[PDB]
Each structure stands twice: as C-alpha cells, then as structure tokens.
Amino acid sequence: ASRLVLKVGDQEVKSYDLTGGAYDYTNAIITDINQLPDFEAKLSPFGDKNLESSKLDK
Amino acid sequence: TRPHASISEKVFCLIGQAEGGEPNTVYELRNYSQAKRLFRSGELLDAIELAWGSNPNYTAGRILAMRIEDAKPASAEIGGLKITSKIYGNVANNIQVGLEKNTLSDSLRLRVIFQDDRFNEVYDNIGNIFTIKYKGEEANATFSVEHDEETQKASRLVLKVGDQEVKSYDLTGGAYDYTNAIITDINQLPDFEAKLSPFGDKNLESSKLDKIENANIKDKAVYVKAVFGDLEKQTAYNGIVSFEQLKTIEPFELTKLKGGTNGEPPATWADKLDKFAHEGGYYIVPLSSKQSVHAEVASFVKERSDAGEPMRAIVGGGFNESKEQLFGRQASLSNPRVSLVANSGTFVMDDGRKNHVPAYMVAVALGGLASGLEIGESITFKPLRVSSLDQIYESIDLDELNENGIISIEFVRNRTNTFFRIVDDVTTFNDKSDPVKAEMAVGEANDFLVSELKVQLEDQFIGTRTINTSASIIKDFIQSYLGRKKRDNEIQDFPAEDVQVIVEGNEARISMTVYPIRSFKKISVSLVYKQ
Numbered sequence: 001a002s003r004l005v006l007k008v009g010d011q012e013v014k015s016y017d018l019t020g021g022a023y024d025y026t027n028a029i030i031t032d033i034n035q036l037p038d039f040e041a042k043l044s045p046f047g048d049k050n051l052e053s054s055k056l057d058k
Numbered sequence: 001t002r003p004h005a006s007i008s009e010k011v012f013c014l015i016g017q018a019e020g021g022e023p024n025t026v027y028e029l030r031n032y033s034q035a036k037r038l039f040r041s042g043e044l045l046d047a048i049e050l051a052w053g054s055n056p057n058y059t060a061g062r063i064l065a066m067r068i069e070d071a072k073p074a075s076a077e078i079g080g081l082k083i084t085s086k087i088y089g090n091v092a093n094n095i096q097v098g099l100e101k102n103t104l105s106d107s108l109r110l111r112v113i114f115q116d117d118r119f120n121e122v123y124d125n126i127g128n129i130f131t132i133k134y135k136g137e138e139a140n141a142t143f144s145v146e147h148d149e150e151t152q153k154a155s156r157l158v159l160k161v162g163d164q165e166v167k168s169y170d171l172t173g174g175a176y177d178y179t180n181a182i183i184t185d186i187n188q189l190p191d192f193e194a195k196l197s198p199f200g201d202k203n204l205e206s207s208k209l210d211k212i213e214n215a216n217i218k219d220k221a222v223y224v225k226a227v228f229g230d231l232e233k234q235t236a237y238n239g240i241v242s243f244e245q246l247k248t249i250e251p252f253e254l255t256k257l258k259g260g261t262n263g264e265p266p267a268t269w270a271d272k273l274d275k276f277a278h279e280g281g282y283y284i285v286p287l288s289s290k291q292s293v294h295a296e297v298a299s300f301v302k303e304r305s306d307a308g309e310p311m312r313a314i315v316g317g318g319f320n321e322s323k324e325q326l327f328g329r330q331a332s333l334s335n336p337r338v339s340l341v342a343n344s345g346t347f348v349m350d351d352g353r354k355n356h357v358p359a360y361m362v363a364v365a366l367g368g369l370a371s372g373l374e375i376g377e378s379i380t381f382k383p384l385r386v387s388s389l390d391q392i393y394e395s396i397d398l399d400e401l402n403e404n405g406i407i408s409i410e411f412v413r414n415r416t417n418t419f420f421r422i423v424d425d426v427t428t429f430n431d432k433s434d435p436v437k438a439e440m441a442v443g444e445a446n447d448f449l450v451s452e453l454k455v456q457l458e459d460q461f462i463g464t465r466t467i468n469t470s471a472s473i474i475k476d477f478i479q480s481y482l483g484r485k486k487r488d489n490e491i492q493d494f495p496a497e498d499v500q501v502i503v504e505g506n507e508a509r510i511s512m513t514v515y516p517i518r519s520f521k522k523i524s525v526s527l528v529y530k531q
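Here the protein sequences line up with chains A and B, keeping their order. Just so we're aligned, residue 1 is where the first sequence starts under the working numbering, counting upward by one. Just so we're aligned, residue 1 is where the second sequence starts under the working numbering, counting upward by one.
Mixed in with the good hints, there may be bad ones.
[Unchecked claim] Calculated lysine-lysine pairs in the DSS-like style (CA-CA distance at most 30 Å, straight line):
| hint | chain 1 | residue 1 | chain 2 | residue 2 |
| --- | --- | --- | --- | --- |
| 1 | B | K101 | A | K14 |
| 2 | A | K58 | B | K101 |
| 3 | B | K258 | A | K42 |
| 4 | A | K55 | B | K256 |
| 5 | A | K55 | B | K101 |
| 6 | A | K42 | B | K256 |
| 7 | B | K354 | A | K7 |
| 8 | A | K49 | B | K354 |
| 9 | B | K256 | A | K58 |
| 10 | A | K7 | B | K256 |
[What the hints assert, rightly or not] Derived Cβ-Cβ restraints for the label pairs, each shown as a range:
| hint | chain 1 | residue 1 | chain 2 | residue 2 | range |
| --- | --- | --- | --- | --- | --- |
| 11 | A | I30 | B | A295 | 26 to 32 Å |
| 12 | A | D38 | B | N120 | 33 to 39 Å |
| 13 | A | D38 | B | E250 | 42 to 48 Å |
| 14 | A | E12 | B | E213 | 37 to 43 Å |
| 15 | B | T416 | A | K49 | 22 to 28 Å |
| 16 | A | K58 | B | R30 | 49 to 55 Å |
| 17 | A | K58 | B | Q34 | 42 to 48 Å |
| 18 | B | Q34 | A | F39 | 29 to 35 Å |
| 19 | B | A236 | A | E12 | 44 to 50 Å |
| 20 | A | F39 | B | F319 | 49 to 55 Å |
| 21 | B | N140 | A | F39 | 48 to 54 Å |
| 22 | B | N417 | A | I30 | 22 to 28 Å |
| 23 | A | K58 | B | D117 | 58 to 64 Å |
| 24 | A | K49 | B | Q152 | 54 to 60 Å |
No lab work stands behind these hints, which were simulated from the structure alone. For every residue, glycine included, the Cβ atom is placed at its ideal position computed from N, Cα and C.
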C-alpha cells in the first residue's frame, strides 16, 4: 500500500502517504482521520490489530 | 537553571560501507553514543561496538572512521528559501519542513518533522522584533524602513510626524548596528516609545530589518518584523535543517525534501583511503569484501611504511572459504603488513539480533583486540569472544593454514567452559625465516623501537651542531639507548661490545645487533602410568 486517500464528492480532501513516514502504522491514520472534523475512524474491537499500513489492501 | 544536574596508544582505523553521516571525512570516535549519533546503521556501527566490545578485558582505543560513500543531502527550494538537510543519505528524504502563519501575532511559524528519530519541533513568534508606539498630539505619525536595493540590507529607519521626518536612524553603519540602540533612542524621543518583543532577546542586527513604509503608529503598537534574521537567530545553530534565502518569504505547505542519495559502490578506494595518511592510526581493517580492497589497502600500507609511517592491516576471506580459495588469496596478498584471517562465525551482540559475521568482521574483532594489547604483546592464544564459528578445520587443517601464514581460530571446550582462542599471529608473509616479517608482534615492536631510535638520533645528532661529534660519541649514545631499553625490558639483550660506527664527512654509517624477545611456543608431555 502506497496511499490512502479520502475524497468528498469527486475531489480529494486529504491523502495519507503510506509509502513511509508518519503513517508507517495504521494507528496514526486512525488518529489523523479522527482529527478531520467531517470524518471519523475507530479501531476494530477484536484485539489491537494495529497493522503496518503497507499491508493494507486495494 | 543553566547550572544543573540532569538524568590504548595503538589507534585503530575502520573503513567500509557505513550508512549514516557525511562521507569522505574522517571521524575520531570515543564512545558508541557518538557512533549512533552519526553512524545510524550499516556495518561500521557494528564494527565500532565490536572493537570496543572485542574482549572482556581488552578494548580498542580511539577509533578513526570514515563512511566511504558518494552520499549527498536531500534539499528543497520553496518560497523564498533554499532548504538543506544536515543528514546525508537516502533517509534525508523523510524530512518534512513547512512554514505557517500565526494569525494571532501576525508572525511566521515553522515546523520540522523527522519520524525515524521521532523528532518534531515547532518554532513560533518568528519575526516581530520590536514594537513602535506614538503619543504626540499631532494628527498622525508614521515610520518607514528602506533597503539598499542591491544588497537588500536595511539602510535607514525614519520616523515621520505628519508628512515630515522628525528623526532618522542611519542603519548603514555606526551607532545603530544593533537594534537595541534604536529602541533606546526611540524611547529617548518624548513623543515616541519602543519596547522589545517579549519572546526572547531577539536583538537582531539592524541591517537585517525588513522594508516597511508609511505604517500608521498612533493607534497601534506596530511590529518591525525582520523575519529572516529572526529565522537565523532561532534556527542557525539548531535542528536538523538549515536555510538560505534566494524573493520574499511566505508560508508554504509541509513538503518532503528530495534528492537524498547514498551513491553507487565505489570502483576505487585510493583517493578516499589516503585520507588516513596523516591521521596517525596503526591498525586498519576494511569492512568491505572485494579483493580489490585488499590489494589497494596493501598498496596504501606499503606506501605509508615506505614513507616512514608504520601501518598493518588485518583481513579475512568471506564465509566458509576452503583452503584452496584462501591459498589463492594469500598468493595474491603475500606482502607483509597484511594479516589474513581464515574463519567466519557469529557474534552475540547488544543489538539482540545474532549477527551472521563474515571473516572481514572477525578480522575487525582481531584488530580491536590487538590494538588493546600492550605494545609487543601477541594475540596468540588470546580469547576472541565469538559466539559460534563456521569452522571446517581440525588440527592438521590448522597446521596447513598456519604454515601458509593464514591466521586460524580454534574452538576449545574446556572441562566446564567454552572459549574461542586464536592460535597464532602469523602474518600473510610466507617465509618463516625472518620473524619480523612472518610474525606481527615482532614487527610491531620493531616498528615502534625503530621510530623511537630515529627520533632520538634526530634530536641528538641531526641538530647538526658540529662534525666533531665523532664516531665514538655516537657509539656511546647508541649503547646508552640500548641500555635504557634493556632496563625497560623492551629488548631482551644487546651486545655491549659489538656496536661499530664509521663516520665520514656529514654521514655516519651505523651497524648494531639486538636480541629480540624469544617467545616460547611448544610443549610435549609423555605421561607414563606405573604400578
């Protein structure tokens, strides 16, 4: 995985660059999505999955 | 709270593929906290801690190290600034820098992020050097700051009441080099006031102030900004990043630096390896692998010794290299001052990871041990503290290796303990008839003794006081020197009566004999049982 992109309508609001940096771990993605006023993110209740963001799926 | 509490002569060299710090420059090392600060990763960081973790008792002294890479720093041009990373290599690309505005103060804000170090800092109140206020009863009052259009240095600060100048502060040079003089003199005027910014002693040079015109003062405490000089004050000696002004500074989005490079593997080593030619190291071990390195290092060492600088290298071939390969490497490396290590293994290390260790790094460990020994003390039978050795060799194989001049390591399981001891210090030079060439400790003692004798002869005689310093005086000086060295036990004995000097003109030809320390190597016991 290289990018996670949030799009409102047709246009990108923000993108999380998963190639490497602040978003090596998914929990940073959860926190930053939660930081956006219009978006929310919540971790799965079944254990601290907490996977590396490079292993996310298309 | 500035005063507070918070909570071996044989210098050794390392060179090879380090993955951190600026390359092509020699670094002198004393503690591995210094190493991690500079050599973040790669074989050099392992090699340093191995040298200082080489032996339970012995350790290497100060280490001279260079990263041999063509690395360059990541950099960016954005806004009115050129941004350069202090880190060298590909990792520098991860650095992200961005300018913002603090609207509450009408001032810039800077942020730098580097996630690998977990480094994240904010710099605030950038600019806003000092405020000006006015109290006169006239309708309005203003000020202006103007530059020299060529250098863009501030040249004047002018205070104007109505349309006309009351007073001007000539910032080109003189009493107003520093802004604090401007503050004091504005405060001296009855109708004007000035107060320094509360956020630190900004106290900038007045030439670095910014261009302002016709700012109305009467209703406002108006800030002079001087953003770039304040940026330099707050960031010049700080952080991972540095800035240069190309244009106007304005906010820009957080941007990754680009262009961080490590460079290709080097095709040759002379132009970088020769930097050790005056650093004063004795032992050197190259962490790199290829035989071209061994040839170039041997040539370098030989040139240094021919130039009067003693040096010796320790080498070891790869992983599990059989005797046939090692003999070919020895035949390609048979000159003295190079020691070939036969074995490779594993090191238990403070990383937690069990390292898989080539013979090059075993030779590193051996160089760290030898540099920690006393001058003239042999690595023979000393412990190595290797974890496990990928060893094919038994007693006859060890004989074959050692007779060929190839250093070998033997695992010994004592009755209740295990240790790895190295059998001998034989050099790669094959002919055993001359132990100065064949044996490393004898050569080391010879090099140090000869250098000392050279220096003492220089001081005593090549001061060139007179030709009347006849041959008998030189003989006496020699004999006194050898007597001192016998007293120090640096030599076993010398003939008192068999030193001769012949002098003719400005030249003295001298011959002497010295008995080297005779080492004792072999024992055989014929145990017999009776009754």
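Evaluated hints:
As the CA atoms of B:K101 and A:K14 are separated by approximately 21 Å, the hinted pair is consistent with the 30 Å bound. At most 30 Å may separate the alpha-carbon atoms for a hinted pair to count; A:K58 and B:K101 exceed this at roughly 37 Å. Between B:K258 and A:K42 the CA atoms are separated by roughly 34 Å; this puts the pair beyond 30 Å, and the hint is violated. Of the pairs offered as hints, the one joining A:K55 and B:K256 holds, with about 23 Å between alpha carbons and a cut-off of 30 Å not exceeded.
With a CA separation close to 37 Å, the supplied pair A:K55 and B:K101 exceeds the 30 Å bound. A threshold of 30 Å between alpha carbons decides the hint, and for A:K42 with B:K256 the separation of about 29 Å falls inside it, so the pair holds. With a C-alpha separation of about 46 Å, the suggested pair B:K354 and A:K7 falls outside the 30 Å cut-off, and the hint is violated. Pair hint A:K49 plus B:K354 holds up; C-alpha atoms about 28 Å apart against a cutoff of 30 Å.
Taken as a hint, the B:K256 and A:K58 pair is honoured in the structure, with Cα atoms around 25 Å apart against an allowance of 30 Å. A distance of roughly 22 Å separates the Cα atoms of A:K7 and B:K256; the hinted pair therefore holds under the 30 Å criterion. Range check, A:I30 to B:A295: Cβ separation about 56 Å, and the 26 to 32 Å hint is violated. Distance hint check for A:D38 and B:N120: the Cβ-Cβ separation is about 25 Å, which falls outside the suggested range of 33 to 39 Å.
Range check, A:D38 to B:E250: Cβ separation about 28 Å, and the 42 to 48 Å hint is violated. Take A:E12 and B:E213: their Cβ atoms lie about 41 Å apart, and the range 37 to 43 Å holds. Look at B:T416 against A:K49: about 49 Å separates their beta carbons, and that is not inside 22 to 28 Å. As the Cβ distance of A:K58 to B:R30 is approximately 51 Å, the hint placing it in 49 to 55 Å holds.
A beta carbon spacing of about 45 Å between A:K58 and B:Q34 agrees with the range 42 to 48 Å that was offered as a hint. Roughly 45 Å separates the CB atoms of B:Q34 and A:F39, a value that falls outside the hinted 29 to 35 Å. Checked against the hint of 44 to 50 Å, the C-beta distance between B:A236 and A:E12 comes to roughly 37 Å, which is inconsistent with it. For A:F39 paired with B:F319, a C-beta distance near 53 Å keeps the hint of 49 to 55 Å intact.
Range check, B:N140 to A:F39: Cβ separation about 51 Å, and the 48 to 54 Å hint holds. The hint said 22 to 28 Å for the Cβ distance between B:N417 and A:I30, and at roughly 53 Å that hint is violated. Our hint of 58 to 64 Å for A:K58 and B:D117 is violated, since their Cβ atoms are close to 32 Å apart. In this structure the hint that A:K49 and B:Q152 lie 54 to 60 Å apart at CB holds, the actual value being about 56 Å.
When the structure is compared with the earlier hints, violations turn up for hints 2, 3, 5, 7, 11, 12, 13, 15, 18, 19, 22, 23 and for no others.
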